[PDB]
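There are 4 protein chains.
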Amino acid sequence: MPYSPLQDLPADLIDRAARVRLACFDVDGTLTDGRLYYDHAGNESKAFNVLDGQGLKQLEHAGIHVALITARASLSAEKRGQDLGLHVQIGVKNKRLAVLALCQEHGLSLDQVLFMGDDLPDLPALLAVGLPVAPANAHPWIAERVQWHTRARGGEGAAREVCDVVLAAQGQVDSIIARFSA
Amino acid sequence: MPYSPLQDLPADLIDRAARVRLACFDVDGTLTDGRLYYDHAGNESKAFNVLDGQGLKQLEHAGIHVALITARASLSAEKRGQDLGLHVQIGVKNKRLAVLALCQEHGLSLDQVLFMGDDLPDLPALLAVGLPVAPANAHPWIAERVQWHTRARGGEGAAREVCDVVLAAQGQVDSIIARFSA
Amino acid sequence: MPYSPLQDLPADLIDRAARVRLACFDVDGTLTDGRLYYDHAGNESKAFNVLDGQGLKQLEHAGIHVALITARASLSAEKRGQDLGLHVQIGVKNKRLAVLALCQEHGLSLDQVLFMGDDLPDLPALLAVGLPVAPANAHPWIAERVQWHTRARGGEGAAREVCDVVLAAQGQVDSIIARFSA
Amino acid sequence: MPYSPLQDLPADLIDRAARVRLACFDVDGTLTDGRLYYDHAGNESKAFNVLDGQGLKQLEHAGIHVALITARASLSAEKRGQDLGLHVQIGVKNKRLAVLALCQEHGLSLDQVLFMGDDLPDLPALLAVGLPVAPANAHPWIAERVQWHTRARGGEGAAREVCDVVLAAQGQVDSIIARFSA
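Protein chains in written order, with the entry's author numbering: chain D, 1 to 182; chain C, 1 to 182; chain C', 1 to 182; chain D', 1 to 182. A prime marks a further copy of an entry chain.
Be aware that a few hints might be false.
Which copy is meant is left open, so a pair is good if it fits within one copy or across any two.
Only pairs whose alpha carbons sit at most 30 Å apart, straight line, appear in this in silico DSS-like list of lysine-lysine [stated by the list, open to error]:
hint, residue 1, residue 2
1, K93, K79
2, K57, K79
3, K57, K93
Please keep in mind that the hints were generated in silico from the structure rather than gathered at the bench.
This is chain D alone, in the form it adopts within the complex:
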């Protein structure tokens, strides 16, 4: 019986995922397990996940715009966006306003936007977009306020889990597989 990201998901959600044209992702706690590795000189590192990376490229490959949105002013996140070919917006005071800006740039509504975050700074956006989603490790204040929770944890495939849903809802999977079968 074939894996389908869509079974056990409600019709309403699948319908929103089908119209997603812009997918935005918090960095820490969402593409990351929330950890910041500090070295002896205070320099910082984060761990991203390759399944998440593969998922994000596939969204881009399926004509969906992908954006990373972080309040931190980190070159890490920028370098990560470059490696996968995604937009990045760094040092953002308000994530809603950032998202709203990206809607105007691509000629989109908020109802065509997906946002994935894990904590308070993501909340303005989570409450404004057509399709908010939170990883399993999300702070309860965010979890409580978003219906769609991934089974997986941030930095352990939660973002891939989202990508798979969106791609499945947009009829993209069969062709993804066919491209990689030879």
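Using the hints, position chains C, C' and D' against chain D.
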């Protein structure tokens, strides 16, 4: 049913948390999962957690003084304190005395102090403060000697879990949520 | 009751493992838990596993050729191959073609090849070799398309688990144990 | 009911732990979760654990000699030994012979030695010492051949778990606690 850091907590604890003016935290095993990454030249790194970071800022924002206290002489911990805007005391032979020094600096009693630690060097402080706490990963010798244990593990939101309680006990939640809702 | 990598495995698989002369391994998600540590300048690190290392040497010691195959252009993977004494092929657009090249270099058929991978870029190879395998953390699209799944996760002994099977199927165990018993 | 490392342990083991004068530890997979972090230039790091560190010092503080024994030629392990004040022997071809050498240096028998390891290179020693022990993540070939398994995993307190047993068997705990209570 709204998430409340305070349900399933005894009245006595809530009442102590309500009077906390100074919150002190061990570094390793408390804001960290206990791990030290050693590089080929013996240089060390640690992992902090962004939920913990968000929690600590919120304590500071609510007018509660925050301090990190470590026996290790690490620039990591100092850099981390700077990034969040908190006091740091490094290389402490005795944590009780350090805490006691901080009480005098801010004109406080030990009854108005919270301390969170995971192992033996924290014990002198844990036994002296008004509100000791330990994360779930705490050594049993410490666990046994402190009533309040967080559900979460050090470096996986245990400190945020503490911050949430204190903030909740001090009536700070409703406004935290309002600030972030748009 | 002696541990045997071969119990609970079907005869057919054991028989294929017995004829393996070339063992190829994806890097990320297969010898790694899928994580990429990004530093402030975009420099990357990965974590390998020493049990996996011990397994790979033992394959080489038993006269089986070992190869690592990655699409990424990383010096990490090369350095890792050097440390264990195995062939490496980096930056591969198509893994099938790479494998096929290695068959010709060693005068082998695809039926004599094992390939272990976790995600889409491995699929062309997984579908072409005599003995595909996937770790437990493998993406479901890959899992679904390969019968042999290791109990262990990538970067947590999954590759050793494979090595053990192959070595067991090729009668190599008794002597491995004897070499190390004093 | 006070935590006792000794309950649920057989009398025979407790008796051997009571006479331990030399405690030797594999590095990788034993003080580490088996992971090797490779950076872009092939430089390696490992993660040690602070609970393990606290345990090792306490063994030293209780007059037990502690030694780290690795086949790898890593400055990491040396730097780690220095930080905790323990002997280190690096690049060891045969661990039994290394241990045997340390017995003669300290005027001890093999029956007064504890060895903790996780994989084949440790086996010669595990089979020669009075008290072998293996972490929960140990390779089955080693697990099968050693009776004492820690509940915890390497790099997640397995070595502390051992230290606690030995210290408890040697009547050391009460005084350890008393030293840290003020």
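Evaluated hints:
1. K93 - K79: both (21 Å within a copy, 22 Å between copies)
2. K57 - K79: Intra 15 Å, inter 27 Å, cutoff 30 Å: intra and inter.
3. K57 - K93: Both: 27 Å inside a chain and 15 Å across chains, each within 30 Å.
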